[PDB]
Structures are given as structure tokens and as C-alpha cells.
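Produce the entire structure from the sequences given, and follow the hints as far as they go.
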Amino acid sequence: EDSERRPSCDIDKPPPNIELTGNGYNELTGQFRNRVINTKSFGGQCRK
Amino acid sequence: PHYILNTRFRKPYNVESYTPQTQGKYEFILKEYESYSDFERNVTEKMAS
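From first to last, the protein sequence lines stand for chains A and B. Under full-length UniProt numbering, read the first sequence as residues 120 to 167, first letter to last. Under full-length UniProt numbering, read the second sequence as residues 202 to 250, first letter to last.
A portion of the hints provided could be inaccurate.
[To be verified] Capping the alpha-carbon separation at 20 Å, the derived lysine to any residue pairs in SDA-like fashion look like this:
id, chain 1, residue 1, chain 2, residue 2
1, A, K159, B, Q224
2, B, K212, A, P133
3, B, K212, A, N136
4, B, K212, A, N153
5, A, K132, B, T208
6, A, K159, A, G141
7, A, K167, B, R209
8, A, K167, B, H203
9, A, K159, B, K212
10, A, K167, A, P134
11, A, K159, B, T220
12, A, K159, A, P134
13, A, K159, A, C128
14, A, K159, A, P133
15, A, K132, A, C165
16, A, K159, B, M248
17, A, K159, B, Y219
18, B, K212, A, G143
19, B, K212, A, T158
20, A, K159, B, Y227
21, A, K159, B, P202
22, B, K212, A, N157
These are calculated hints, taken from the structure and not from any lab test.
The structure is reproduced here in C-alpha cells:
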């Protein structure tokens, strides 16, 4: 409730579709796959 | 947080991933056909005695 230390330092927008890059890939079909690497996380280290 | 075209979206618990894709592929096929056929005949014959 009481979120101190300026959470997210007023950083609003992430990259547009980084989930597409983080998503899986297939070589024999040339079609992308489901997300594997969760890039939506931040680990606390805000990088503006 | 999930932003698509500067719009605040929220991923529900049932959807795994919903990513925008351009994927623009359009086709257009045009075909034409024309045929001309003409026939003309005029035979003249005259006999006198």
C-alpha cells in the first residue's frame, strides 16, 4: 500500500513489442512462437 | 503493464501472449481477353445470249 522510494521512477512506457523479440523462433517453418524470455520484468533496476 | 500503440492494456489470466504484427500481404490479379472474327463474301455472275 505505502509504496515509497519512488516506484518505477515515473517510467511509463516500455519498448513497443519487445515481447516479439523475446518470443521463441522456429527455423524450418519461418514462423515465430510463444514468449520464452520474460522481458516485462525489471528486477528493481530501473533503466530509463 | 502492457502498452500497444500508446494504449494501456492489461493481459488477462487466460491469454498467454498477444503481440501486434504487421503481416501485410495483398494480391491482385487482372486478366483480359478479346477475339475478333470477320467474314465477307460477294459473288457476281452475269450471262447474256
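Status of each hint after checking the structure:
1. A/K159 x B/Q224: Violated, at about 24 Å.
2. B/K212 x A/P133: 15 Å, holds
3. B/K212 x A/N136: 14 Å, holds
4. B/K212 x A/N153: Answer holds: B/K212 to A/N153 is near 15 Å, not above 20 Å.
5. A/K132 x B/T208: Between A/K132 and B/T208 the Cα gap is close to 10 Å, so the pair holds against 20 Å.
6. A/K159 x A/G141: 10 Å, holds
7. A/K167 x B/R209: 19 Å, holds
8. A/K167 x B/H203: 17 Å, holds
9. A/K159 x B/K212: OK: A/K159 and B/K212 at ~12 Å, within 20 Å.
10. A/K167 x A/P134: Holds, because 11 Å separates the two Cα atoms, which is no more than 20 Å.
11. A/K159 x B/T220: Measuring from Cα to Cα gives roughly 13 Å; hence the hint holds.
12. A/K159 x A/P134: Distance ~10 Å between A/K159 and A/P134 Cα, so the pair holds.
13. A/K159 x A/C128: 16 Å, holds
14. A/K159 x A/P133: 8 Å, holds
15. A/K132 x A/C165: Holds, at roughly 12 Å.
16. A/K159 x B/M248: Answer violated: A/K159 to B/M248 is near 105 Å, above 20 Å.
17. A/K159 x B/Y219: 13 Å, holds
18. B/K212 x A/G143: Given that 20 Å is the threshold and the Cα spacing comes to 19 Å, the pair holds.
19. B/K212 x A/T158: Distance ~15 Å between B/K212 and A/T158 Cα, so the pair holds.
20. A/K159 x B/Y227: 33 Å, violated
21. A/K159 x B/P202: 8 Å, holds
22. B/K212 x A/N157: Given that 20 Å is the threshold and the Cα spacing comes to 14 Å, the pair holds.
Consistency with the previously given hints fails for numbers 1, 16 and 20, ordered from lowest to highest.
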